[PDB]
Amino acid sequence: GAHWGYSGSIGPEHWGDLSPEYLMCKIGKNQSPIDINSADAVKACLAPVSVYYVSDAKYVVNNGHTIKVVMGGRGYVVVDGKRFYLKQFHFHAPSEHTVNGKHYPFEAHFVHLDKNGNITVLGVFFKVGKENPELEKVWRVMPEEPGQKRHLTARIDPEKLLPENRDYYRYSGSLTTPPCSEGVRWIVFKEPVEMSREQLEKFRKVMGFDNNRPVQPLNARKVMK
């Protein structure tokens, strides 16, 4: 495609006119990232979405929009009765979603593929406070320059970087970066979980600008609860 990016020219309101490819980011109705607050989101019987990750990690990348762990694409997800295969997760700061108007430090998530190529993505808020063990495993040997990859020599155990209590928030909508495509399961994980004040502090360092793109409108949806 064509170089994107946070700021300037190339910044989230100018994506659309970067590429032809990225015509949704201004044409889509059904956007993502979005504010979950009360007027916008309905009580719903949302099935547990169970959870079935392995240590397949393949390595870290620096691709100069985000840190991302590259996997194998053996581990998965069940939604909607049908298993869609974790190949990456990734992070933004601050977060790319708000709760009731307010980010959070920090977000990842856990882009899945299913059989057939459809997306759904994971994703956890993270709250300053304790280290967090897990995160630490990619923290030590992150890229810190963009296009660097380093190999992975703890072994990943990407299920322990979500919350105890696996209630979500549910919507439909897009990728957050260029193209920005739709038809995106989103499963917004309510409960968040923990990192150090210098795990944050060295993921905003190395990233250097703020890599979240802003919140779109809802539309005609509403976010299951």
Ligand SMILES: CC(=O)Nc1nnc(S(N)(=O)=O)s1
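Positions refer to the first chain, counted from 1. Rigid core: the largest C-alpha set superposing within 1.5 Å between the two forms. Compared with the form deposited with the ligand bound:
Here the rigid core is superposed between the two forms, and of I27, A39, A47, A44 the C-alpha of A39 is the only one to shift by 2 Å or more.
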Given for the second form:
There are 4 protein chains.
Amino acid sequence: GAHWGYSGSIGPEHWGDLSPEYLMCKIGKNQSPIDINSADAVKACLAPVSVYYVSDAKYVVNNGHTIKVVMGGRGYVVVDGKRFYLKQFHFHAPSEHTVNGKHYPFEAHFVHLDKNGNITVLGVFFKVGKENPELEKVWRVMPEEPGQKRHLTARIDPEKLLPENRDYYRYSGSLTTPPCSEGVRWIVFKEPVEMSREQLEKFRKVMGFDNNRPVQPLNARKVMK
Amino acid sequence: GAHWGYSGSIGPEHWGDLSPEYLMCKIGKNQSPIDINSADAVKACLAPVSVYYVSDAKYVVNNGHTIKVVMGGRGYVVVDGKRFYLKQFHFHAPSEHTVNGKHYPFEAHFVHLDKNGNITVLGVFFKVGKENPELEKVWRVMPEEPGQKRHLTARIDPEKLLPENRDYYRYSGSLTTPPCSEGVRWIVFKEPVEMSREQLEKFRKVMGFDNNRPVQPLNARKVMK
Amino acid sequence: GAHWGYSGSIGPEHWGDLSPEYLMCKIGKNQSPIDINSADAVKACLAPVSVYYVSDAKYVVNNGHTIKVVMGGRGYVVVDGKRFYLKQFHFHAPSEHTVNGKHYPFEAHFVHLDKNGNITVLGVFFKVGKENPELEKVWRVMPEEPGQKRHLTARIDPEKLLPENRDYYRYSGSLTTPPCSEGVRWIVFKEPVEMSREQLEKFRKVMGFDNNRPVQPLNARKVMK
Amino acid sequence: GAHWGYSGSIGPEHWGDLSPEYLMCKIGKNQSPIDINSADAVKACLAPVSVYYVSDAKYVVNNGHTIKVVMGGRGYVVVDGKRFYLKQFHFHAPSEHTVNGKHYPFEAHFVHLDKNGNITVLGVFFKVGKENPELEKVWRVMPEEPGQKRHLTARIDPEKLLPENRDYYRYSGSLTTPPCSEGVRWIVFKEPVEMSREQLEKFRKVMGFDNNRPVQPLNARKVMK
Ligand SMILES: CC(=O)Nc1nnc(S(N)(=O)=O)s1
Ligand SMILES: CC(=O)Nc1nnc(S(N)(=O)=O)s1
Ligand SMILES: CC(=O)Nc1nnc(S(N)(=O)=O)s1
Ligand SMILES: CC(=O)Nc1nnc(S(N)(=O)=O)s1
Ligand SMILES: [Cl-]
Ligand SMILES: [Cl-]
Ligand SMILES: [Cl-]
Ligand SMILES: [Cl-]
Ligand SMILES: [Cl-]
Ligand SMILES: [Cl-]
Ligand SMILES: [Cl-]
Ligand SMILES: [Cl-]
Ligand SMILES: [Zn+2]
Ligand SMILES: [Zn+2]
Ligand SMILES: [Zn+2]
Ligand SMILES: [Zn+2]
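Any chance you could show the form deposited with the ligand bound after that form solved without the ligand?
Now the complete complex, all chains and molecules, led by this one.
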């Protein structure tokens, strides 16, 4: 795939024109992220998303578009009665999803694959408040330059990054970076978690730019709540 | 666009290869029709779909892939608080959608567009029982050869083709013929209506072939019920 | 308690005056049975009612107000996460509950107690159709006179009397015979099962009178569906 | 009816013994208030409760068991498609209802009657925060002694006491003071509003005692959410 970014000639509005591989950015009708209007969402009998994570975080990488924690892939969540294995988690500032037209300052994405390669992403909003103890373990060894990897000696428990309340919005969408492939299950937790002002500012300093894709039209979709 | 059909080298498994315009048949992850597994569908607080149809049928046409009644476009349904205007209705045998893995013998589609060109299709299943009086009005003047159009001798009341019970399944999908464009709202009524064996046989005889696209994978979607 | 019946001076409209013990018949605001208006019922995320019955039917008794099959009490259903043990099942003609103002010709009640004596009744509607094979085992030895008991040599499987579809209406109500105690959980299956005309007529012949309490006002209650 | 209170020999555990008129306190199985366990509540397709209140407050009264604002009865809410007219509102500290086993410091009740005398009570929880401007209008003229009534100097807009978010819990229950009559519709708003510590302390000082009835067992009921 061709080089892409968050501004200039290779920014989100141009992604669909950068490569034939990125065509869904241009033609897709089921794209992510979205604004979640809570009144427009349909109240629904959604199943609990059960979490069976393990502490198998291997390293943290700065890949030039996010900070990503890479996992061994043994932990999983249960969605639609199937195991989706946690491969990695990573971060955006400001939030990619909005709620009633408003951003949160930060959003984490936990990226899972089932045995057939189907993708489920769990989304967690963060607000500025108390220092997040689990996040601090990652932040302490944040790779400051693109291309850098840092081994984790501290034991990261990814379950501790999720909100205590597990209510969520669900919809069918896409990856938020090229090639923006569709057929992705989105589980967006309603309750935000806290990070310190200092934690937010370090991420923003290291990144050096905002890394959220603009919200995309719902089209025929409904969000369930 | 390129010629297509329901069998052989131009059949549904090949549509995505017949024309670059038909790419979504090949790469789409939100395609129609689908199997509706009722246990897998999510019980949800779905709004009533209000129907405000008018008797403005213009003609009936045999277009080589279905029998279609063309409307004036003044009647409408309300979905997501918006007016979707009835442009035409047409027929498939056997059914395109299945329920718990089983076909109905016949399925009608009512095709609507809102003021911005967004598409909603209402689907009505038919089972063999008593002769359908409203269907008979169209069947009496059925154009027997592809390319033929006939004037309607009786007044068509399209709402009389809908089931009395208005409970429905809803999902986001596509058109079921090339180019199989996505972003289509599907409203599939749960209760079937009746047609006579003779009515079904006249349709199958005039058509000369099955005209249902095979069901497509749900992928990330849920059906609401 | 005082003598009561289904007609005359001791009939349902007088039950509240027959004994101080029967006061809830007169003053209760949460009485059973009720008319279930399906449009007025609230669509709700009701849990499956899991059935763990055993074949421990002991005898059938004609107690002068119904025909009742008495169980050993080992089988149970799960409601609100608790085990409610099946103590007995018995019958009414015509139905006690109505649906949209209409009776079924027959209704069975499966009466359960949890470990603290809380009552749950499962209601099954019957319509006239094919002979019911499981019911026939009981009907073959139906005690014809009040006061008579008949031992069951045939092995009754009460699960086979429930509908195959397990969707239900739920509401909070009362026993339908004096003392009409409240705090009773009602689970009324939506789908009826069949019995033969002959089976219905034998029950009605043996009883000699209709044994349904008139429907009672919903008052502050909602039915969930 | 017999004299009753919130403590000692005339307290809530004894109400059912103080008068034959108070029998439901003792024998009722659908009593209020209750603990609302949010996980045990059933997610349901509840209709919005529309509010059409008017500024028709007549006076405020200290009646020896609460502070009550008496209304003209022209304002109303719509529940089950019917108009329930606002007759009065009053206050309890600590809260009568609990949520997940915890009290709020304060609870308001808006008491409504339909044209046939059926009762609906709307409940609003308060937490300590900023001074409540609408509450202050009443608090400024609070009658300090039982039996005293005061005219209202400012115009009372009762809708301004309701939370902005109108999501609610619903159940069927009773009045929370003798005779504790059943058949009462309860609408308990999920979102609390704020009052100052000083506002709460003035209420507790004037009252001289806690005025909440203990929570009552749910028995057969479910709470909808
Ligand atoms: C390799 C990989 O994981 N790609 C992703 N692209 N976007 C993602 S997101 N922001 O939708 O979670 S994950
Ligand atoms: C011109 C037009 O309406 N095209 C359609 N193609 N498929 C349709 S369907 N079967 O999805 O309703 S409508
Ligand atoms: C002893 C016993 O079971 N009493 C009952 N009275 N009414 C019942 S019913 N019709 O409500 O199931 S059960
Ligand atoms: C006269 C009158 O309204 N009596 C009430 N008793 N309890 C009520 S409450 N706390 O249930 O709202 S209202
Ligand atoms: Cl990523
Ligand atoms: Cl480390
Ligand atoms: Cl068509
Ligand atoms: Cl019409
Ligand atoms: Cl009985
Ligand atoms: Cl036998
Ligand atoms: Cl009061
Ligand atoms: Cl007001
Ligand atoms: Zn992401
Ligand atoms: Zn069609
Ligand atoms: Zn019974
Ligand atoms: Zn009160």
